[PDB]
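Student: Here is how the chains run, residue by residue.
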Amino acid sequence: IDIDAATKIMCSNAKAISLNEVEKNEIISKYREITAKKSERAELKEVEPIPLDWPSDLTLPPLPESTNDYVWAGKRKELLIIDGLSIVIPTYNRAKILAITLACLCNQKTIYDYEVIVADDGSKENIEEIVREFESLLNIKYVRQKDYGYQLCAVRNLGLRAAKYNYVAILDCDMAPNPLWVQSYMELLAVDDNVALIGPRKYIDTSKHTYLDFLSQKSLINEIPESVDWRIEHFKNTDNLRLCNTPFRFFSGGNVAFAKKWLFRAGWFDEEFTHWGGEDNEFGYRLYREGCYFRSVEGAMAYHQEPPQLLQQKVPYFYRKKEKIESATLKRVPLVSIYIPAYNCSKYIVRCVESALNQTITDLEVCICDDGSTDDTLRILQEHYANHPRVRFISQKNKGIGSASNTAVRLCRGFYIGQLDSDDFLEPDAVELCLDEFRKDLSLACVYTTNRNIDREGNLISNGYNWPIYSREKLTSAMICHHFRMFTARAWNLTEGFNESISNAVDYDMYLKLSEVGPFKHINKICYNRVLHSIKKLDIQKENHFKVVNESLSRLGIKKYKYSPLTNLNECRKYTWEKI
Amino acid sequence: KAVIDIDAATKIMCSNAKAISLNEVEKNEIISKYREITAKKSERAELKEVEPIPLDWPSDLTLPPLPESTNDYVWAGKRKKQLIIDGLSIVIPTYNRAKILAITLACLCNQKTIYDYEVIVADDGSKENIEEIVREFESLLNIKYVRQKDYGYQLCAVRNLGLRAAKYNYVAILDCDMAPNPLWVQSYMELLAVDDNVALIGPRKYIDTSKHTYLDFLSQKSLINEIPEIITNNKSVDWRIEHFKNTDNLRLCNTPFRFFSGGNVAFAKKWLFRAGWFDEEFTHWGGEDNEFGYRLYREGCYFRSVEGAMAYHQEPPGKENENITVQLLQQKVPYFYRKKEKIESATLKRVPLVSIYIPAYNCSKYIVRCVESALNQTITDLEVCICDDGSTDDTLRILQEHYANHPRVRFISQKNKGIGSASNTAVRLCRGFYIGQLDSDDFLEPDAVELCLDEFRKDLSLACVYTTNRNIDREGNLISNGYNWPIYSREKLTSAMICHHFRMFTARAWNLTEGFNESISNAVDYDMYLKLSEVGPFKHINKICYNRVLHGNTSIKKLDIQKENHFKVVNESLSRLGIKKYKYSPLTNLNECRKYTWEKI
Ligand SMILES: O=C(O)[C@H]1O[C@H](OP(=O)(O)OP(=O)(O)OC[C@H]2O[C@@H](n3ccc(=O)[nH]c3=O)[C@H](O)[C@@H]2O)[C@H](O)[C@@H](O)[C@@H]1O
Ligand SMILES: O=C(O)[C@H]1O[C@H](OP(=O)(O)OP(=O)(O)OC[C@H]2O[C@@H](n3ccc(=O)[nH]c3=O)[C@H](O)[C@@H]2O)[C@H](O)[C@@H](O)[C@@H]1O
Ligand SMILES: O=C(O)[C@H]1O[C@H](OP(=O)(O)OP(=O)(O)OC[C@H]2O[C@@H](n3ccc(=O)[nH]c3=O)[C@H](O)[C@@H]2O)[C@H](O)[C@@H](O)[C@@H]1O
Ligand SMILES: O=c1ccn([C@@H]2O[C@H](COP(=O)(O)OP(=O)(O)O)[C@@H](O)[C@H]2O)c(=O)[nH]1
Ligand SMILES: [Mn+2]
Ligand SMILES: [Mn+2]
Ligand SMILES: [Mn+2]
Ligand SMILES: [Mn+2]
Numbered sequence: 061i062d063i064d065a066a067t068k069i070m071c072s073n074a075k076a077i078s079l080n081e082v083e084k085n086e087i088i089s090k091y092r093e094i095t096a097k098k099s100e101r102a103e104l105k106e107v108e109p110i111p112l113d114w115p116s117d118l119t120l121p122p123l124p125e126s127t128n129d130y131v132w133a134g135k136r137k138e139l147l148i149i150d151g152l153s154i155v156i157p158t159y160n161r162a163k164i165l166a167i168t169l170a171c172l173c174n175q176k177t178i179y180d181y182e183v184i185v186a187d188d189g190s191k192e193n194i195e196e197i198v199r200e201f202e203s204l205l206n207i208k209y210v211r212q213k214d215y216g217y218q219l220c221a222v223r224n225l226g227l228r229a230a231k232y233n234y235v236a237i238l239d240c241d242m243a244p245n246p247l248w249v250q251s252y253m254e255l256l257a258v259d260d261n262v263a264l265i266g267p268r269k270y271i272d273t274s275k276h277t278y279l280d281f282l283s284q285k286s287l288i289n290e291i292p293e309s310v311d312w313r314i315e316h317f318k319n320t321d322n323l324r325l326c327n328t329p330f331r332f333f334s335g336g337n338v339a340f341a342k343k344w345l346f347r348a349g350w351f352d353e354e355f356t357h358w359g360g361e362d363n364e365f366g367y368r369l370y371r372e373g374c375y376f377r378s379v380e381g382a383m384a385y386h387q388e389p390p407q408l409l410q411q412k413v414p415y416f417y418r419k420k421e422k423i424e425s426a427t428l429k430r431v432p433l434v435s436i437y438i439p440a441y442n443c444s445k446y447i448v449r450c451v452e453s454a455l456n457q458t459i460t461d462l463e464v465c466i467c468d469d470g471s472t473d474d475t476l477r478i479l480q481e482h483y484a485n486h487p488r489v490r491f492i493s494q495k496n497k498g499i500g501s502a503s504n505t506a507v508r509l510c511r512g513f514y515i516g517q518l519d520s521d522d523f524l525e526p527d528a529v530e531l532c533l534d535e536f537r538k539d540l541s542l543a544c545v546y547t548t549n550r551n552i553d554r555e556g557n558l559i560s561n562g563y564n565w566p567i568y569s570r571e572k573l574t575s576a577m578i579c580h581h582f583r584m585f586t587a588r589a590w591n592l593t594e595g596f597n598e599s600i601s602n603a604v605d606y607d608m609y610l611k612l613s614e615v616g617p618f619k620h621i622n623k624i625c626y627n628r629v630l631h636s637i638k639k640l641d642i643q644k645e646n647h648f649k650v651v652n653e654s655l656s657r658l659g660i661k662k663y664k665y666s667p668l669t670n671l672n673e674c675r676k677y678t679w680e681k682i
Numbered sequence: 058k059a060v061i062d063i064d065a066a067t068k069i070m071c072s073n074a075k076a077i078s079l080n081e082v083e084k085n086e087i088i089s090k091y092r093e094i095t096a097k098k099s100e101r102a103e104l105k106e107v108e109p110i111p112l113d114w115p116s117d118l119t120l121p122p123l124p125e126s127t128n129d130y131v132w133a134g135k136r137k145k146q147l148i149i150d151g152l153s154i155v156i157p158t159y160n161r162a163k164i165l166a167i168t169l170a171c172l173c174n175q176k177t178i179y180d181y182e183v184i185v186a187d188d189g190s191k192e193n194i195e196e197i198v199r200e201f202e203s204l205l206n207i208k209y210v211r212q213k214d215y216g217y218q219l220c221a222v223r224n225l226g227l228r229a230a231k232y233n234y235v236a237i238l239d240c241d242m243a244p245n246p247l248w249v250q251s252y253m254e255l256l257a258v259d260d261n262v263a264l265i266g267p268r269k270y271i272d273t274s275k276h277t278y279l280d281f282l283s284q285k286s287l288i289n290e291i292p293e294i295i296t297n307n308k309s310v311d312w313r314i315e316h317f318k319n320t321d322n323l324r325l326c327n328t329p330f331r332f333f334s335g336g337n338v339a340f341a342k343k344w345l346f347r348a349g350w351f352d353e354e355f356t357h358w359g360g361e362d363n364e365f366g367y368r369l370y371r372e373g374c375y376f377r378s379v380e381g382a383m384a385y386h387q388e389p390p391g392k393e394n395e403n404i405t406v407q408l409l410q411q412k413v414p415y416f417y418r419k420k421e422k423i424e425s426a427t428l429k430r431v432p433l434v435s436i437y438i439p440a441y442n443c444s445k446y447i448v449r450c451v452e453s454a455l456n457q458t459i460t461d462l463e464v465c466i467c468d469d470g471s472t473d474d475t476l477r478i479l480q481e482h483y484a485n486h487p488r489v490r491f492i493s494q495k496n497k498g499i500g501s502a503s504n505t506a507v508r509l510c511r512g513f514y515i516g517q518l519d520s521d522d523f524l525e526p527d528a529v530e531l532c533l534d535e536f537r538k539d540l541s542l543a544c545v546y547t548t549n550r551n552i553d554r555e556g557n558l559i560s561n562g563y564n565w566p567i568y569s570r571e572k573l574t575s576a577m578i579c580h581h582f583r584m585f586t587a588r589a590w591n592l593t594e595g596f597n598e599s600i601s602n603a604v605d606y607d608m609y610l611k612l613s614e615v616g617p618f619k620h621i622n623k624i625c626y627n628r629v630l631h632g634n635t636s637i638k639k640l641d642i643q644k645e646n647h648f649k650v651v652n653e654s655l656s657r658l659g660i661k662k663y664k665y666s667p668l669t670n671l672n673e674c675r676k677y678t679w680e681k682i
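Protein sequences, first through last, are from chains A and B. According to the deposited numbering, the first sequence holds residues 61 to 139, 147 to 293, 309 to 390, 407 to 631, 636 to 682 in order. According to the deposited numbering, the second sequence holds residues 58 to 137, 145 to 297, 307 to 395, 403 to 632, 634 to 682 in order.
Where hints are given, some of them may not hold.
As the list claims (entries may be wrong) - Cut-off 35 angstroms, straight-line C-alpha distance, at most; resulting in silico cross-link-like pairs (DSBU-like, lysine-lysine):
#: 1; chain 1: A; residue 1: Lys611; chain 2: A; residue 2: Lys342
#: 2; chain 1: B; residue 1: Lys213; chain 2: A; residue 2: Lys191
#: 3; chain 1: B; residue 1: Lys213; chain 2: B; residue 2: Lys445
#: 4; chain 1: A; residue 1: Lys639; chain 2: B; residue 2: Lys176
#: 5; chain 1: B; residue 1: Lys644; chain 2: B; residue 2: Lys495
#: 6; chain 1: A; residue 1: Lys318; chain 2: A; residue 2: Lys538
#: 7; chain 1: A; residue 1: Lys611; chain 2: A; residue 2: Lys98
#: 8; chain 1: B; residue 1: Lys191; chain 2: A; residue 2: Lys191
#: 9; chain 1: B; residue 1: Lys191; chain 2: B; residue 2: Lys90
#: 10; chain 1: B; residue 1: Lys145; chain 2: A; residue 2: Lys445
#: 11; chain 1: B; residue 1: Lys445; chain 2: B; residue 2: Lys495
#: 12; chain 1: A; residue 1: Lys497; chain 2: B; residue 2: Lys644
#: 13; chain 1: A; residue 1: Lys495; chain 2: B; residue 2: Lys497
#: 14; chain 1: B; residue 1: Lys191; chain 2: B; residue 2: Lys213
#: 15; chain 1: B; residue 1: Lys420; chain 2: B; residue 2: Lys681
#: 16; chain 1: A; residue 1: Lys664; chain 2: B; residue 2: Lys497
#: 17; chain 1: B; residue 1: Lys145; chain 2: A; residue 2: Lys495
#: 18; chain 1: A; residue 1: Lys105; chain 2: A; residue 2: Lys90
#: 19; chain 1: A; residue 1: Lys664; chain 2: B; residue 2: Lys392
Derived by calculation from the structure, the hints in this document are not laboratory data.
Let the hints inform the model, and build the full structure from the sequences given.
Tutor: See below:
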């Protein structure tokens, strides 16, 4: 009835359960032996990357240049009103300076409408006063909340709630915008509301200028001298973030614009960031994982007028550095999330879930979906993991494997997701191995190992099928994405999730949808154990789905070819490309 | 030398509107045309053995009772998902009443409730220093201040502003002169926590706080319930209170939005996404209240007056400046206020009274006839919304060459997704209240709509009215007088598809249902009307007002199997009514057979 060694240690470290130095390390010792076995390497062979009979004129649409290739995103297609831009200006009483920015906003040269919401975070100076001073020159609104500390996040969310248009832009009160600021944003958002926009900043002393100066001389901003925005170099070197895999690191909250639909898809600014900051990188980290893009805007230049690291807990993707077990403590947002789709898995679920909790990597969680199990899977799940801090389940009506998967994956909170079916089990270092490949090529959408075939009793049946080198062309020919697969949250959110209509091939289908968004990496080691177990019509629909899935992949705009069967023999998966 | 026209009625309304001009000759031509084109009358079918309820109908079987009203929030409550009761965002529209606003805020300081609430003061460009008031209360209330420039009477705009800024899932609206009693917040949230599909209306009292200040109120939080009532512009009273008790707090009221006073209400914020926001077109004349309430109504929301959410209307400054609502709502609230008019006077309305929906798929040679039959109705206050299920023929082009600019016809084309899908899409397109069905290959009689309408008026509780029809060849050839079941009964319908064409229903009743079934290749109509039969009372009209075209001769065996399948399914699905002690099975398993038998479980 006990819980895994790791989770127990982590709780103790965080001092939430008492454990004397003798038990603490008797449990640590136990955790070490249980995760000591390493993975056995599978066997390789002289394989050729691209299949031999791969159509000589057929060309798979190129992948993106990086996880953040908005250009690549642009040329992607399939299957809408630009009313204006809502400009939220978080302000903590820097009156005269605010007026200056406001002034610079009156001189905007754009074709789009734009309102201005001054977000006063309980200023002591009378800010309302200077806003009225502009009521005629601007479609300006005024918003204020009481003073209860450094509530930068709270105010940004108030102003954002107040915003009336489908597009918003955040701009600190000290950030004077150039004359083509508004225009440079709307110009881009209009083309793709799927990419967040970042504006560079410069530095200037506005001390020798009142707001009156900027109003009559609508260009004085592009003149005053000046310290360089550390990001600017990083910008041109990565073709305006187009080649960045960590774009949220450059998402400064003083000047950015994006489609308001992202607030609801990814959430708002974390109001917990009171004594910290990095809420930008955290907010943008969430946009990132939810499929949002980032592009740095040249014309979005603004001037920062001079004034008169627990991301560790919320951003696993790039910041969080691995910690030792004796130091390890649970994280608010875990790094790894193993999703499990369970149905009638009474006798195997525990071994399954435990094989996951007992991993080299303890910074993870397990999310399960009870797909209307008929046996007492749910009861086992309840008396074993109900009050467990690293395991979460949710029940529903049996809607099939695809549906169970989606529910399973939307439940995940981590960045790296792993698939573990309720009847199979992992090796104590599978997550770690895949993690290593991910940390090595931050462009990767998926990394998969191989496996071995197991008996429903445990007995060894045989080593699993193993195709040594991955290639998009080999996957589009045969399911070579052996199990255990571990795919990035972001990549998944760039696809249509799992197919809830097919009765099988649900996996071949997913990794097919994922093989379009990014580069996969294969590891030739056995880190998974898959169990194997009276129809001839059910096998009919089985070879149907295998084929259906491969051509649904046509969602790559390919019509000149059809991945057709070489025979109508159930068990056979031989193919042939027929022209049209 | 040929040409193409647009129906007479529509040509005539645009003329009577001075939006278009016709010479007397041409106009008289079109009027008399309309006069004859709509002179016919539906022929009444003949009744048969009046057998109310099926004898084979179980003796231990009772269907859950229908609501005692379109607004029976009690009936709504009992029915077959946890929400997050976070807080209550009170939006207070304000304009130059600093001292009066102060008292309001003070009373909001005296709230005895177990729920978290925020106060958003929405200032409609007041000159008085409203901000100073807010700041003077930040250490007592979780208050926010939202302000917009002065550009005339912008009540609706300032309400919306505050609402967009509201952080909770629940919102309230209290005019700055409405000093709430101490139980105000609690009396609302208590109810909102139980059912968020019902808006709440609070009563008001008239008193003068003239010789008082906000501190007098923070000092003794009962003073508000002690200030004597006064006579406003024996004292004045909320004209709605004798109505709240006469209809079990609106529970028995059929036109509940008439009491939705924007000065003291509360409701889930989700409704703003469903019914919309406050129409910023309204003026200092008023009306926005009811019209918003009216939309809330057509989308499914229920109304309930709350005795515990009473507020006190503080007499205005005094330095302050010193009839019929039908006129104001007329154009935008068709439901109750709208009344018919004759052709030579009739004019187009902002929100049509009737919306005829059409699910069209490869109906190239019938579509125009179809649409024109709806446009040539005795009832001219009507519109047609068509959804083309991505047809293969030239349907879309016809729609375009014929109605792309029609003021009373609207359409949208998607990719084929079945009849069920197109029905939803077409209904979602409708903007009227009373909506009728018209399949693209059929067509109506010139008095169909009206007849149905006359029944709706007579009984505002009805969810649907339907007539009987006749069968047509693929060219207008009379085949036979379609099936007709004399009297309606929920029991009979659950036993047999007795809801024949033409069917009309309330946009609301439809919104109280779950829409059309998009996973069944057929039996869609049975399903839908079955979904409505559980929501309200039907009324059958024994007259042939619809012409049904029989084309299926081509019925590829298996397709006839599923058509049998789904038929059973629909009735089964009607299980969502709680009924578990029974089943509705196919007596014989002969394809075209429809006989049944109830089996126990
Ligand atoms: O380069 C960065 O990493 C940071 O630059 C800016 O911030 P910064 O110029 O460093 O700080 P301030 O200008 O002093 O404050 C930022 C904003 O917080 C607001 N603020 C400050 C204090 C307060 O109590 N409430 C409040 O809303 C100010 O109005 C201002 O708009 C951005 O606001 C940060 O989000 C960003 O992370
Ligand atoms: O073609 C597919 O969809 C599947 O092919 C193989 O899976 P396989 O072992 O053949 O099939 P199962 O083990 O029965 O199904 C995979 C998972 O779905 C769950 N499942 C299955 C059936 C069901 O109705 N509901 C449900 O949740 C199972 O418990 C299991 O965890 C792959 O290993 C799966 O990951 C992939 O989803
Ligand atoms: O069981 C049903 O759901 C239908 O049965 C009969 O309809 P029927 O004449 O048999 O079928 P159709 O005439 O082929 O289709 C009904 C309407 O849906 C449209 N439709 C049909 C097929 C489709 O894929 N999409 C689509 O929009 C058609 O144009 C037509 O107006 C009834 O007369 C219909 O009122 C009812 O909707
Ligand atoms: O230009 C205006 C005038 C009034 N109001 C608000 O509209 C509501 C109704 O005003 P009033 O009390 O005069 O309405 P009555 O009591 O006459 O119905 C109050 O919340 C006012 O603060 C407003 O927002 N803008
Ligand atoms: Mn700054
Ligand atoms: Mn399995
Ligand atoms: Mn008033
Ligand atoms: Mn038909």
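Student: Against this structure, judge whether each hint is valid.
Tutor: Status of the hints after comparison with the structure:
no. : hint                : verdict
1   : A:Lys611 - A:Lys342 : holds (27 angstroms)
2   : B:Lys213 - A:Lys191 : holds (22 angstroms)
3   : B:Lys213 - B:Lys445 : violated (56 angstroms)
4   : A:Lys639 - B:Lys176 : violated (67 angstroms)
5   : B:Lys644 - B:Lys495 : holds (23 angstroms)
6   : A:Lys318 - A:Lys538 : holds (24 angstroms)
7   : A:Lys611 - A:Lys98  : holds (31 angstroms)
8   : B:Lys191 - A:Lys191 : holds (21 angstroms)
9   : B:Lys191 - B:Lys90  : violated (60 angstroms)
10  : B:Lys145 - A:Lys445 : holds (30 angstroms)
11  : B:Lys445 - B:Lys495 : holds (20 angstroms)
12  : A:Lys497 - B:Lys644 : holds (24 angstroms)
13  : A:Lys495 - B:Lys497 : holds (25 angstroms)
14  : B:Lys191 - B:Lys213 : holds (10 angstroms)
15  : B:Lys420 - B:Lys681 : violated (51 angstroms)
16  : A:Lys664 - B:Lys497 : holds (24 angstroms)
17  : B:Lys145 - A:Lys495 : holds (14 angstroms)
18  : A:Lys105 - A:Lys90  : violated (38 angstroms)
19  : A:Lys664 - B:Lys392 : violated (82 angstroms)
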